[PDB]
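Single chain ahead, by itself, as structure tokens, in the form deposited without 1-[(3-chlorophenyl)methyl]piperazine.
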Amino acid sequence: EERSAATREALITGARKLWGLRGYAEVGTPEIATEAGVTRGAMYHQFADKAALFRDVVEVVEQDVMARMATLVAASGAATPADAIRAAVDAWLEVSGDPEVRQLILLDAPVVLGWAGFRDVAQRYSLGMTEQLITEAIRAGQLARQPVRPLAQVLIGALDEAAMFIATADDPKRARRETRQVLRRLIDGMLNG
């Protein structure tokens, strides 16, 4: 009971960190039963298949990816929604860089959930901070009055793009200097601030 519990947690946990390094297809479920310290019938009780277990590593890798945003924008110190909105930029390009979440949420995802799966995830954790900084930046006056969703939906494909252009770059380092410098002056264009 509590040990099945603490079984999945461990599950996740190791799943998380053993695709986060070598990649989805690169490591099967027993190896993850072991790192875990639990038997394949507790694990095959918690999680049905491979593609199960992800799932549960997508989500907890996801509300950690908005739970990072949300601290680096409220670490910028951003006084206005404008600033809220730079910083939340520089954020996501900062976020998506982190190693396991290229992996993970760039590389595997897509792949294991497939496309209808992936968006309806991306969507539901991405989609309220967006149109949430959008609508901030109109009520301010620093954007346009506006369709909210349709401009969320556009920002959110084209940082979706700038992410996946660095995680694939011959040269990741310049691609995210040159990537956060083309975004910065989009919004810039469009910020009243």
Given for the second form:
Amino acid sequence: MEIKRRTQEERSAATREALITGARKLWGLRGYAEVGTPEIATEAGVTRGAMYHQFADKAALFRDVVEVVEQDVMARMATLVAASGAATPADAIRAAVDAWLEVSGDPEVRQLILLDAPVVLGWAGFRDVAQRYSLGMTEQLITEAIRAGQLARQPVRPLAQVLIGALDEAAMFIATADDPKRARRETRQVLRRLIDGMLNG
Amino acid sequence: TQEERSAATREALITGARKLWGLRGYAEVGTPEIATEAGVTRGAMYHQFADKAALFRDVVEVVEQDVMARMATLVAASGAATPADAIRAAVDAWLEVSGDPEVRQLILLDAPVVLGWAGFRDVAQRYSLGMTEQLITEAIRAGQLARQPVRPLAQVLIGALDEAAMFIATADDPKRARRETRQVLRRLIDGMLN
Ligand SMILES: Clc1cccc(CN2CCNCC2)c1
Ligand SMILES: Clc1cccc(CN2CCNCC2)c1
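Form deposited with 1-[(3-chlorophenyl)methyl]piperazine bound structure, per the form deposited without 1-[(3-chlorophenyl)methyl]piperazine context:
The complete assembly is shown below, putting the previous chain first.
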């Protein structure tokens, strides 16, 4: 029965991927509140029953969209830091700040992660997502700066958690601004002062 | 008067709810228990508060008012001689007041969940921004912070300060978490203060 089981699993996975892809596209453009699951099923080319089979409700589909978008946010940030030509751990942290403002400025990321997710997931769910995706990259950037003597030896997690709070509030300030270009410049300038006050190099 | 009697009933309910939810959390104490603590009938309680969440919203207001009054008292008594020293005193005052067990449970743990993201952010901003922006404005005026628009720095610092408090709130060793987090916050602000 293994070909039959694997075939049904692969078909389920393809349906799931089409639904997430469709939902990510339409909610990214219009917002969660403005696109219903029937339109998303049509976009994905699946029936309502195929959708019900994969997702209990609209919010369950949104939770899976956030996972895929967060995975792409962190991969894009890692690509931009890798391509930055950062010569030291301190330069990699500055590159990571620039990458966060760039990727969180993507209109789809702004809409799904910064505007919809805190409301649709609620506080606990949104903070659990932010945490699962932010902590590893932040702790490793700190660890490498300590190892190079560019940051004081200290417990990594308390510093990581405070910086994640500062960086996520910076992104939210820009996302909710009516003049986001000015907000992004002003916020970039605050984070430059905060990071450059911390880093020894 | 009827208004004075209504106000006494309201005060008994807010006081009782603050006490019981302060100890056990919003999720773990129902309105029947609170009405018993307050010595108020359920009918008289539902007349004042549509539902559990409505009573909680009024508890958060009274607790937030006390948090900010206590912050102002501690900074006033700190002996801070300069705007930079007032900011340093306010960081210490926030870790002291957010360490109060009732503030920890009601503001750091329950309010974001019960009020929801948007509701909580509105209350947190309405209570945090005045004091934060005043402290920053005085430091900029004294030359001790870089010339810059106040609101962006205020919002990023409130994010750091609230995240520090919430990290301590759920720590396995809160005393240790507080010490290590106080060091981070003092170093973060010292890197920007002249
Ligand atoms: Cl140290 C550092 C500097 C810049 C960016 C990051 C990662 N972000 C943290 C906030 N949530 C998004 C990811 C870490
Ligand atoms: Cl500048 C400064 C320094 C420390 C404390 C505060 C006040 N707030 C208390 C509530 N949450 C945010 C911060 C401002």
